[PDB]
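Let's start with one chain on its own, the form deposited in one PDB entry, as structure tokens.
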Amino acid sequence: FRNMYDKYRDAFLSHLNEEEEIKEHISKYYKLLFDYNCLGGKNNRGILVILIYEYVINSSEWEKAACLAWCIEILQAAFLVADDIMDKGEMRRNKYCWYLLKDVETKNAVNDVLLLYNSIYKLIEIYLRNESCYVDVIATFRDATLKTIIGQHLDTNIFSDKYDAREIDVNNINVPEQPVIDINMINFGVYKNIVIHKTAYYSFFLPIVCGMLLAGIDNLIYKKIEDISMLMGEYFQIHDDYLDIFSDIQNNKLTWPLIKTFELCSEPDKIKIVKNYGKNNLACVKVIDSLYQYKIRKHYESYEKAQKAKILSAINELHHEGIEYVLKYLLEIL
């Protein structure tokens, strides 16, 4: 996989490359945009396409599968660039975030998101325009992205001022909304709504469905895969929330640990939480951290056991030895 990279980068660079001085500057820039942001990640989404396809093969077919696999990694790159803009991040994959670079800046990074994003659909035209799944593939990418955009919306706004059912001041361009958690949003239903949309569709559903469509599978097994994907996304974002404890607390994010602590702590501790969650002051966080007291460590281990079981149960009702093997596999390496 990691070998095929240059081929797809260059095919798109080629597309762009049809005044000479200008063409040359464009290339130096866009090659870096690709290299800087597409390489360096673990590539789980990418390999998943290749694995699922394999288990459901001449060189031409790999060419097409590896294309889809790389298009996922591009999508990922686009999301990381955008998310770092939005969250005002510092570090990503142990380098500076793209937008932070003096030769890049926020102005270019925005434009670059749209570029990466659209690059995907061009590469799919180059390699799969004639395949019968073509239209379905481009649709999968579109629908997964839309779901991701909504999941991102929610994650950004769940505790925000705009969330009665007061509307938006199209005249207030000044003053800020003193980041303040909203106890009404601190429940599992909402969290799942965010986590499923923000991560499950593009991290699991998309790659699997890509590998399945190319292979010729529409059939009632896609909805089975959607549900497994929903389950995996949760299992997994929640894992991530467990680690980012050992910026989210100051970044005022809805996390699993936050919700578990809330449904579990005494009416007086809930108030401490509200006074310290998301605020700048270090005493405030050193303290949420100490509330995590309710042995969140242990409550995770309990959830991981139970959720892993829910995931395996749904996989065994799939009736496809090849896909079952891959998903059992990914659930070990995820």
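Positions refer to the first chain, counted from 1. We call the rigid core whatever largest set of C-alpha positions still superposes within 1.5 Å between the two forms. First, how it differs from the form deposited in another entry.
- Only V285, out of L39, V274, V285, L32, shows a C-alpha shift of 2 Å or more between these two forms on alignment of the rigid core.
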Second form
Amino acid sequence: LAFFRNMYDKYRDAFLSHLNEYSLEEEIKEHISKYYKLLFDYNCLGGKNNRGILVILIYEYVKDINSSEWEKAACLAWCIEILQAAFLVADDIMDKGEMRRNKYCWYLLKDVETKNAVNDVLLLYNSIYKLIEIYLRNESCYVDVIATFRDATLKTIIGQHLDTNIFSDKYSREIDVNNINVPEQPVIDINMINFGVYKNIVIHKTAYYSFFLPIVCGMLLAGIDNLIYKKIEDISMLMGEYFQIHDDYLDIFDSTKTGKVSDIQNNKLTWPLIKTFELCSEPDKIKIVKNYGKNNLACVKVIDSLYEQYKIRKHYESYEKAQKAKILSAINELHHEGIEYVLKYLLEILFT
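Okay, that's the form deposited in one PDB entry, but what's the structure of the form deposited in another entry?
FYI, this one's just the chain on its own, none of its partners or other molecules.
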């Protein structure tokens, strides 16, 4: 079952040995494999592996499975860990990040820098489909597996776009393709602070690839199309909202435990923000507008101090409990003991 962590070496080396079939001077090949080995190890290891665990479990509890068929599923499982590694490198470039899984972000290393990092997220991304071909080309589900990766990816790209631009000038007129020189001054848009817009962003940014895709993958590989998928997809949207709100909470509340340091500085629409904005006073809205989305520690400190004043922790647990219950309620209306066993177990182990 969770031996999964051991087959990592063979899926990474399967792809490295494909690179090594290229017509290149033997000296270049040694430099190529040395660089890309560190690219895969540095950025795929060190996670909780929840999304990969999720595939292996759904595969087993939809359900007698020989060792040849566990190889195909462990490949899907690592393909989703690779997929998150490629999201991490991109996010850390995009969000001017500093620390990830308690190491320097990949793009900050002066031996790689941005130029290499941008090129590396596309290598990692494409390595997924190569692994999928190498291990599943002859399955009946091959075309649908790669269509689920492609479509889940598209959705989280759109979700990443919204997360980055929800507050920007071009969403409050016309993109000026002649301005390379007046850098927009980031500012909140009070008209966008609400949960309708939050769920739109976070469903797309989190729920499809962290939950819909690993489940649907585990089920396409087992043999299932059926009207159960749409019920799985609704639970997914609930677990994605529930996971992202927890992630927003962690951003402001310990880097040693989370492994990261940024949402106020980066002018993001977050749960702590929409919470504060509905309960605070009219003076307090003016301070939020004035200080949100700057790099001043003084401006961040103002926003953090407001989050304590209004005790947003207490509100979080209120949300967490009510939502945990809404997910369990949604799992039980699914009518499938095996998959219901995986989702409940996952719901317990999501943050550990």
